[PDB]
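Chain by chain, the residues:
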Amino acid sequence: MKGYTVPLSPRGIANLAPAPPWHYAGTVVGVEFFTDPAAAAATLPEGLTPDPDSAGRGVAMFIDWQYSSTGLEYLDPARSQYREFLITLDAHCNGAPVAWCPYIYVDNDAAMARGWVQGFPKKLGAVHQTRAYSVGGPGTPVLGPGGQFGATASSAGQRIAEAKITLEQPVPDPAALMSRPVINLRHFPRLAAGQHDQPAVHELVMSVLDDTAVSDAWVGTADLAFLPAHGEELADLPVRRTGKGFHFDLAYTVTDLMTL
Amino acid sequence: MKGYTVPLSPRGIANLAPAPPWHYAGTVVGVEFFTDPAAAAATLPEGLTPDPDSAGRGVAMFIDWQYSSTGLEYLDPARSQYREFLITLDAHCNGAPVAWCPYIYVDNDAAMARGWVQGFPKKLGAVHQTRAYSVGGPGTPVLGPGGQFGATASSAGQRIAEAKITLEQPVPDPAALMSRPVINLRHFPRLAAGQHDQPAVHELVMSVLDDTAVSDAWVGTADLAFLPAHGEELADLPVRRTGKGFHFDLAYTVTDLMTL
Amino acid sequence: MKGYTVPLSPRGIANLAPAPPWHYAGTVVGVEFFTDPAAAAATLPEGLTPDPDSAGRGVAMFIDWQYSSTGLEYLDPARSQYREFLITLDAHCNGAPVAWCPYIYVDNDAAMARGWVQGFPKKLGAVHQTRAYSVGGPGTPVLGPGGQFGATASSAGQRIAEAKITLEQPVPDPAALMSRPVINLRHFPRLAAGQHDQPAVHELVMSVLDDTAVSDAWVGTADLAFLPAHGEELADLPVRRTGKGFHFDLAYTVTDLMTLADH
Amino acid sequence: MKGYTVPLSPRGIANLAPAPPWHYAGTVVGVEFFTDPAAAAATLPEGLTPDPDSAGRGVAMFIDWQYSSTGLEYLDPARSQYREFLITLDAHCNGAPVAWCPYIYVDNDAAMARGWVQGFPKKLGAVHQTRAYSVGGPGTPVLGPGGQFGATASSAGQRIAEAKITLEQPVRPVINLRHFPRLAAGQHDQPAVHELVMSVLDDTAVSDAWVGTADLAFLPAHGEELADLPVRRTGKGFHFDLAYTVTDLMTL
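Taken in sequence, the protein lines are chains B, D, A and C. In terms of the deposited numbering, the first sequence opens at residue 1 and continues consecutively. In terms of the deposited numbering, the second sequence opens at residue 1 and continues consecutively. In terms of the deposited numbering, the third sequence opens at residue 1 and continues consecutively. Throughout the fourth sequence, residue numbering follows the deposited numbering, covering 1 to 171, 180 to 260 in sequence.
Hint data in this document are derived by calculation from the structure and do not stem from the laboratory. There's no promise every hint is true.
[Stated by the list, open to error] Below are the SDA-like pairs computed for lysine to any residue, each with C-alpha atoms no more than 20 Å apart in a straight line: (1) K2(A) x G194(C); (2) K244(C) x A96(C); (3) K2(D) x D236(B).
[Claimed, not checked] Only some residues are given here: those of chain C computed to face chain D with a beta carbon under 10 Å: (4) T152; (5) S154; (6) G157; (7) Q158; (8) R159; (9) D223; (10) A225; (11) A229; (12) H230.
[To be verified] Pairwise CB distance ranges (calculated): (13) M206(B) x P238(C): 35 to 43 Å; (14) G47(B) x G12(C): 53 to 61 Å; (15) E46(D) x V214(C): 52 to 60 Å; (16) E46(C) x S134(B): 39 to 47 Å; (17) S134(B) x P181(C): 39 to 47 Å; (18) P170(B) x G95(C): 23 to 31 Å; (19) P97(B) x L143(C): 50 to 58 Å; (20) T221(C) x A193(A): 52 to 60 Å; (21) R241(B) x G12(C): 43 to 51 Å; (22) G144(A) x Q198(D): 15 to 23 Å.
Backbone N, C-alpha and C define an ideal beta-carbon position, used for all residues, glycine too.
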């Protein structure tokens, strides 16, 4: 019986995800937004406190990802490619700026499972972003000044987020786009009677990323809306205003995770 | 904060699945099959031994499920309805006949997550079965003698199982269809460096079903094949012989789980 | 080459749909609704006029279908099963009551193609309805008094319709359900430059159904709303009030189609 | 009653596709292949004849497409993005070399409808290709020598094509059949539209083109005939970006 996640199996192939290293390359459409500080604070786990400078600030990201491990798994895009929508909210952890992730949606089950292991609270959704093609022409925006990119996310057949950015200038400090570490919550419940309120796993974690790289980073303006949907709470973080729109490529490897 | 599974949230609505009770009503197309005893034995976890009488016997099931909890969630079929394919394999636990579930596929993420909590090693797949309609006519089989029903399962765009049954007569003892208790494995890994081989949760469990009911049960003949697929190991349990085909409605409630 | 729809092929198997007969068995959750008479009239093709008694009335249906033809195609549910949401609107054709279908959504491409051939203006969508299971218990409504059934439709990831019905009693006259014949529009455009407004096929048709049967028909109360969505116009027929809710099984065969007027 | 395709509507918004112009930008992973000449010939419509020099040759393409029209429709990727797998087969038209398209699969209904209008015999499928990301790293190949790309296509939950290319080195009109049947009794063998057409592309552009080696197989599937053009051997694999606009179609 081999495997990292279920199903465990004789050859360790059937598992939804094998053991790390997990490698990632993606393209991000991002929007800085501001919600009610109290609404953001309401989502925070016990160990985190509101950001004393930017409470209410968040970032919405729509990402086209490609995953691989040690065996050129990216040659199997029917399993290795997925699209993802998440928000993070500014917070502090012991006086240090961090980014809490309350909600995140993906269109792939393996990504969802790798997510839960990392503490990303992933559910299935349908996510899309405008793509730039280097050939150019009227079927594509330019990845440069004036380039417009749309993005959307749905869950259970309901639209939950719609966004648009217009690029203006290169990001002068690309590496600093990843400055705030992400905080997550590994959580796995119990089903034994009497224990439904006593999860087997429940721990605050900090995302650890190896060999992070950012390229082709652009900044501009942005529009963003969250839409009310049955069975979702994203829109309870209403967009009071939008800040910068961002477009960049992102790569890293995951082999570790810090339990806080 | 509130909720049973992730994401936890201010109102406990965004969670992929709320706490039990979980109620189920389903229609099952079932096929008894026989594979190599050694191939079946290779899938067994520590704690289970080969069945001394029927090693190699298993049952493939294709199910059209509807879920609900305490608030008429069946009124939201976009979330509550799903289709599922699984196999069980005859085994023994401490000299008692049981049914081990190595592989199971479902077309809904909430069902998948509830599955992991139960120890069902669910992955996403596309599952279909012929339906009988009371109105009759050339668009439907009869739920009765001569009625033919097809069923298929795919995962990652690859067909993994194809089945057909032809009904002959009512099941003589419908209550006995669910006689072998199902054994599963709750399993949730760690990502902390050095601990990828030390899962946080790893325990054999017995499925506990409340108020189990079966109706409209028919038996007849069957054909079943498992197809080799990249990233799957189902077809490593080759169908050497097909036994009985079954068609029945099934209902039960989940509130508990027995850790062995 | 062989085949009925594209792709045509050496063996006539690859086609999205073969020739009729097309057989259908389905379960319907239906809602009678009332919108603005002028909104309904705005969708009507040339040839149809407003209903002088019930202008603004329509019916929304959510259907779990199973298709088959001459070879037990229902044994291949990955191709033959699908879910469908449509509306019809009361109208008149030369003084006769008919039902115009402006919008319809389905989760299966073969159904979409067979639809286009019939003049049903089908697009892809995601459609669901609560199911009743004979075994009973807390996972299912009863198909009977008090039974509640929800239904929804989305397109392109946007929710466009949400419905609920509560059953009260058997339909008194099931034979008279959806008694208005359905009118559709076969339409296939041209792409040749200069001809983008000169479609190759453009004709009003009346749906012809063979051996129609209904069973297990119940009526009760209903709630229905259409939701605004980008790239959709369904919600421009706002539900001002709802009438009866319905639940029934439906079966028929298609082999024919009546052309009313070409272009 | 405005609109280009159905549904026609009061505002012309609900239609599956509006009128041209239709603009496209895409990335192609492709494989040249050789099947049995007689198998290719069996797919040919009236009006096309076997290629006297390369009968049996075809090309398989897996494409990640983005569409737009006159209103920045590419800002709505939930409708405007799609993935497509097709094959073409070498043939001749009136003594002249062309590429016949017998089979093609897309993951989007609007693309399927625009396809039928063009005479592409599109059905729904699930199509995927490896993507190259500029940022680089172990999650992506690098366009250039040694760069490896996989691609697959499925239909009705069945895998029908699997391909892989390895790039080595930097670097025919399509014929289709518009076809729309009749349902009126007695007329099921008498289609309302049935005409051979040549694809007309405006402002075509190709960029960043690479060729290399390739593997390709078509898998037998219920309800499909693609694998009845068995890949006997593969030629070149290739990778490139492609753009063009559609406003016209030539009836032959």
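Hint by hint, work out which the structure violates, then give me just those numbers in ascending order. 2, 9, 10, 13, 17, 18, 19, 20, 21 and 22
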